[PDB]
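Let's start with one chain on its own, the form deposited without the named molecule, as structure tokens.
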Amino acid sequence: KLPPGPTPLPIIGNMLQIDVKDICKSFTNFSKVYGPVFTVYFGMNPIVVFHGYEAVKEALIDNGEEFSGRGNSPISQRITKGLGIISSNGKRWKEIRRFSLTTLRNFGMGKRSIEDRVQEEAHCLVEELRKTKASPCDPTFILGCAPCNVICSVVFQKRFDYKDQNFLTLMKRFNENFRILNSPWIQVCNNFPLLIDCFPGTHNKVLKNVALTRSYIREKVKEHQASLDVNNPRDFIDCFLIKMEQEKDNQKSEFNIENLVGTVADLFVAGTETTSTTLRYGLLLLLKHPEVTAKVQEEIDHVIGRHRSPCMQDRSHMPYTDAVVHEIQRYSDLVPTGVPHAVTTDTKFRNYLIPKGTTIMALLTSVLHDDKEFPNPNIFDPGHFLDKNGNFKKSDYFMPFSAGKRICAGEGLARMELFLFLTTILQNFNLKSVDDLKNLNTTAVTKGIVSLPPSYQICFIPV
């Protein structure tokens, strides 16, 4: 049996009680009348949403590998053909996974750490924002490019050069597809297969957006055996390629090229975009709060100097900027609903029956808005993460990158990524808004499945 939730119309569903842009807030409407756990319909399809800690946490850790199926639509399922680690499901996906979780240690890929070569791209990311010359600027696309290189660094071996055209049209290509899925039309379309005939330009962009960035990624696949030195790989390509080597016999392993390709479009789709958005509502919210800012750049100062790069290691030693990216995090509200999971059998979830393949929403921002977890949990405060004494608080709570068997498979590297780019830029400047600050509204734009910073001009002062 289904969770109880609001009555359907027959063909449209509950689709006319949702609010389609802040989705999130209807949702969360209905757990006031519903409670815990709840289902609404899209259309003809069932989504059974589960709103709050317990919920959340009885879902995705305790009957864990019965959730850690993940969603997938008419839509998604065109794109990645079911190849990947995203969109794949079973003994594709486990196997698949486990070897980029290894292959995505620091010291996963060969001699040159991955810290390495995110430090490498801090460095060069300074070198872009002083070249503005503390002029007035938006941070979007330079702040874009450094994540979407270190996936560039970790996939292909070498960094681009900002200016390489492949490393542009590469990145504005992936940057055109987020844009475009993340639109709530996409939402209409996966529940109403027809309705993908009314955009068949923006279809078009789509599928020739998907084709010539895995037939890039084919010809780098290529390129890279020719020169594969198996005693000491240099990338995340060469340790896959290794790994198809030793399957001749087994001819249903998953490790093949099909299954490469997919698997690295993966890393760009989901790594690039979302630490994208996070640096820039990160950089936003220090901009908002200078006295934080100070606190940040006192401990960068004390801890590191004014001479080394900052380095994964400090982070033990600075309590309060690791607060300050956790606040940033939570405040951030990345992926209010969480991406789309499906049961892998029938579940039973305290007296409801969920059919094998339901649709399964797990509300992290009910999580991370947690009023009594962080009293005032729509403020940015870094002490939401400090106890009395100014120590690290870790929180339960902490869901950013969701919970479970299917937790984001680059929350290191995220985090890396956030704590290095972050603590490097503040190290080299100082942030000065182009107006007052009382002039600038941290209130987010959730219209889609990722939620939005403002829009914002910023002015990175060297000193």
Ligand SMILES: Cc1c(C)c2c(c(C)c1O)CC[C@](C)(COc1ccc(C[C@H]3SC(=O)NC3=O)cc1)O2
The other form holds:
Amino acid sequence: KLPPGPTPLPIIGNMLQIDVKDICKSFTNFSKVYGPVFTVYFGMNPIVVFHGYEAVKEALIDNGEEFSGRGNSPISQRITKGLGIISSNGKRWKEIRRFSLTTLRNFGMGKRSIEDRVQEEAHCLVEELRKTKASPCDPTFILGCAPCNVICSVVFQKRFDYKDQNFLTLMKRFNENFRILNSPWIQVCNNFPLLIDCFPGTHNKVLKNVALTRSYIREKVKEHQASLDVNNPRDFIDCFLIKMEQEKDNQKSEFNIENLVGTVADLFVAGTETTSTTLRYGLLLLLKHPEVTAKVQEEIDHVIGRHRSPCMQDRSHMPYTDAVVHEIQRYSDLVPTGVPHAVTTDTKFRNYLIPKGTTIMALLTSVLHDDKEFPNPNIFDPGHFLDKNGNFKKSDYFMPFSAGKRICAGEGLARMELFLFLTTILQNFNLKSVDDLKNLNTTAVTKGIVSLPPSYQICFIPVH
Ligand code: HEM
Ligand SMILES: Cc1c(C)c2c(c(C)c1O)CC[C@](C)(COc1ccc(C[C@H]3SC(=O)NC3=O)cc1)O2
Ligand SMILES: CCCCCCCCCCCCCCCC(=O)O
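Let's see the other form, the form deposited with the named molecule bound, since the form deposited without the named molecule is already up.
Okay, now the whole complex, with that chain kicking things off.
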């Protein structure tokens, strides 16, 4: 007995009842008719949707174990093969994530903290923006390089030089597989697999890129193997290799060259375009909101000064900027529908039974936009994370990284990259818009699984 829901048409479920261009709007509308929990069918597939804090929490958190399964999909399986962390489940998942989480702690991979890799990058970033000579530009590409390089310096050792050819194709490929796989069409194709045949070129293009990336990562892992100094790991690959060596006698062990290549790939996928997007969105919101960028730069000046690059320890003494980064994430609403889950076994939810394997969808956006927890949930306002005395006010409704057992495996890095990149930038540049601010649109183009900020141009004017 699944939760209530629209009546499905025998073969295509409720597909033609939901706008694939903005399926979140469709879901919100269904909740107005069926309530917090409801079932909809994408083709033959039943998807139970959780909408609102009470429901999302009850599911993701209170029943975390049952809801910690990754929502399967033909396209994910063909590419990842159940390998790595993003698309794995059960034991293999539990083990890889557990290892990943620890080797991604600030000092979980050697003498060089992750924070220091981010700072080196935040630095190279401003020196690039510096090169645009205050002229108007589309930050998209340049902003996307930073997050990509962070991941590079987290898994491969040192960062790449922005001009490095290897770095640029390794990036244009992820950016390519991203622009393709984030199309509403993939959602359709995932439920009606036959449709993939209607896209031979695109199909080949993806697998082609997945080939080149994987084989490249594999080249790197051999490099890391030849130079492996077990006493002091340089990066994610050294740590994983070290771990392999230990489980060596075990042929059950998930830690093998297979999961390694996948997990590194997963890291690029899971941490590049997301961060990049929130970054662009963030700069855009700061551009549109001059009064906010000002207090941030005032806080930066008052705590960090003009003779020292910001660091994570400062965030503790910068409640406003903290509220700003949280509001940026709360407004960006990067993944409105959250990433699909799947219950691990027959699961009881209130007066409903959800059969093992059923696909779950916890509407993060419904949390992030709770009109009671965040009055005027649709306006960008740091006050949403600020108390009467200007102190940061954490919220339970802050779920942009999801929640429960499967919450973003890189929340820390994500938040770190956002705080260091944004501050390091505002400390060195002022944001000027090409046109009149009123003409500046900040409404997201919520097509596909990841929302994107509208396109825009910006001038980075170095400060004096
Ligand atoms: C501002 C940027 C980012 C946001 C908003 C974000 C958020 C998310 C979300 C919503 C999920 C899905 C959670 C779920 O299963 O319900 C996720 C998963 C994941 N994220 Fe991120 N992410 C970002 C950056 C990062 C970064 C920088 C890394 C890299 C270390 C990363 C690594 C992962 C991984 C590995 C998973 C899969 C975890 C699993 O399946 O157990 N993320 N993230
Ligand atoms: C590069 C990139 C991709 C391709 C991306 C997403 C992000 C955030 C990315 O940075 C979000 C999900 C989605 C838009 C669609 O769902 C998928 C998520 C991950 C994957 C992993 C595949 S894509 C790739 O180049 N290598 C992989 O292992 C496939 C599909 O894919
Ligand atoms: C194993 C990988 C399989 C990948 C299959 C991808 C199938 C969906 C391809 C969708 C392509 C959409 C192209 C048009 C995009 C647009 O113009 O908006």
